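Yeah, one chain of the complex is gone here, protein chain that is, but the others are all in their spots.
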Amino acid sequence: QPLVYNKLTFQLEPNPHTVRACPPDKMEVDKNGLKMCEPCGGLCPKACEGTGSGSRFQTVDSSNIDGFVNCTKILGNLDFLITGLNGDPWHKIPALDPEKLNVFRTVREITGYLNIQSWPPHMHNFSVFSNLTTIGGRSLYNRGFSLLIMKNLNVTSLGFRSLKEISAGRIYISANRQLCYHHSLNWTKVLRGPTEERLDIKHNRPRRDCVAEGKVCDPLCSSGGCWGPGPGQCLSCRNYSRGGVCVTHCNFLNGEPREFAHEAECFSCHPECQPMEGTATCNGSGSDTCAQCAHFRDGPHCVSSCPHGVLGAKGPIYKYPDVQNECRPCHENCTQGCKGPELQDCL
Amino acid sequence: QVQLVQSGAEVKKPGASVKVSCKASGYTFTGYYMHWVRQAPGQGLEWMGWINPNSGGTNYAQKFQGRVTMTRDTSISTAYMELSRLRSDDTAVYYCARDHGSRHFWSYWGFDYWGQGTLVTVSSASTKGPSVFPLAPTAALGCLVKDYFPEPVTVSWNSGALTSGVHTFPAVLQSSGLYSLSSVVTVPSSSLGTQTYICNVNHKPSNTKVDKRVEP
Partner (left out) sequence: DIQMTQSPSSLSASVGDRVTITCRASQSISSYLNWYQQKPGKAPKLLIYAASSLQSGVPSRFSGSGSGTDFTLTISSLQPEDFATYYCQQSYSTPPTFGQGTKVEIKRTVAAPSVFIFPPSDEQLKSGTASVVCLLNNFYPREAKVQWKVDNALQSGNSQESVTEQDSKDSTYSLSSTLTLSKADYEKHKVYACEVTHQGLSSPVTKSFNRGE
């Protein structure tokens, strides 16, 4: 019994009068000195060792890519050298299975650098790092490079859709004579700096050839650039984004789910809220920020039903629906609910 | 073995041009970049630029960009640097060094093999022969090689017979643009008068060979 109703705030509260390992779908968190499990939004966080200096792996090949499964944060680097992707016949090492590269779709952060020098020819993007959001750069490759992509002759677009911060390090993107979409990137927003000789981009595909073929940024992207074609591959959106995809608008007045804006991002609103036609439906995602309740109202919150037996600090709480669907308290000297405020309206 | 041979010393006037060569032998000439580093007399080092001996690509420093042309001759394995628009502060010893890495992107730009060094003296003065003046008196005597241009001079006492205790001071550049140099030598006071002491100054640029007896 962890939750207890409150007469003052009209909602549930943590009950003050309420080892084992957490399940694989829950992470062990600490709420002010109280160990408890908490569900993970999809995959649970898991730290994994990296590649390069400091680790026993020089490149990511066939013998180590299976250890990168369910990894959400590399505590190191990721090196994709030529001998790790195309094998090495002088040692009878087979080439890396390209479909094994999809294990990095769970990677959301890299502590050190990202060194990509070889990629399967049938993969025109690094979309296997679509969930990569932050490159730390605590350890750097070569001359202070935190991101290095050289001589990948079959990469059309980068594909780092969610990458929005590179804390430190220089950037090298060269010798990719078929790469586009990267010319209009606003690296000042990603690098958190002034890009003072921190960009080494050259000898790719010329801007004149990418623009003439219509392979530029989507009109829904803003001036911040785009990691490829489509409304999803934008860095920032011109107006609003729904689920990481740039859209023309949210659903303030019409739509399958009524939405509200928060920092130019569309979030669906609380289900206990009446969808309003032509007018706004909600301020935020809470049940107390809505325009009109979908059913009933218990104080500030819109509820589906009035508290009919919920435990409180003094006992069971019983409330009756008012004439206008407001959850008002039943009479004190009454048990098992009531119909109205009067005494005989009980039981 | 690896060996880099440069051209001889050059003397230029302010505004002219100097083209120093660098003959390479002992390695694949087109396999390693050629760096050029100059060093002013009694100063630190200064990197001017490199040249890719395979493609011909260059990378000059901003200070020299616009008046330095680095070229290559793979048929004879020779690298050239032509520093035009000369100034007084361009007087230095120009070395040619070779990058220790065949793959340049992963190189550390370490100079493992250098040339012998080419001295390039740039001054508005004209080639002048030296004036030898005796410094007459354990006794101490010497000579004074005053007012000459350019470097160097070779001072030897008694045609090389006397080498013990001889001190030929480095030449100081006077305000007139000419070098002054003293070459003293300590001798026993007993032999002062019983043995002839002659200093022999040789200035190759002006073809000047002057002897000078030093009597008390």
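For reference, chains read A and B in written order, and residue numbers begin at 1 within each chain.
Keep in mind that, in the parts below, a contact is a pair of C-beta atoms (placed from the backbone, for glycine too) under 8 Å apart; a residue touches a chain by one contact, two chains touch by 3 or more.
Of the options A:143, A:192 or A:207, the residue whose C-beta touches the omitted chain is A:143.
Among B:8, B:44 or B:160, only B:44 touches the chain that is left out of the view. Taking the complete complex into account, B:116 is the one of B:116, B:126, B:154 or B:163 that touches the chain left out.
Touch with the hidden chain on the side of chain B covers residues 35, 44-47, 59, 61-62, 95, 100, 107-112, 114-117, 131, 133-136, 138, 140, 142, 144, 146, 167, 169-172, 174, 180, 182, 184, 186. For chain A, the residues in touch with the chain missing from this view are 140, 143-144, 197.
Keep in mind that, in the parts below, only the chains that are shown with their structure count from here on.
Note on chain placement: the centre of chain A and the centre of chain B lie 66 Å apart, centres being C-alpha means.
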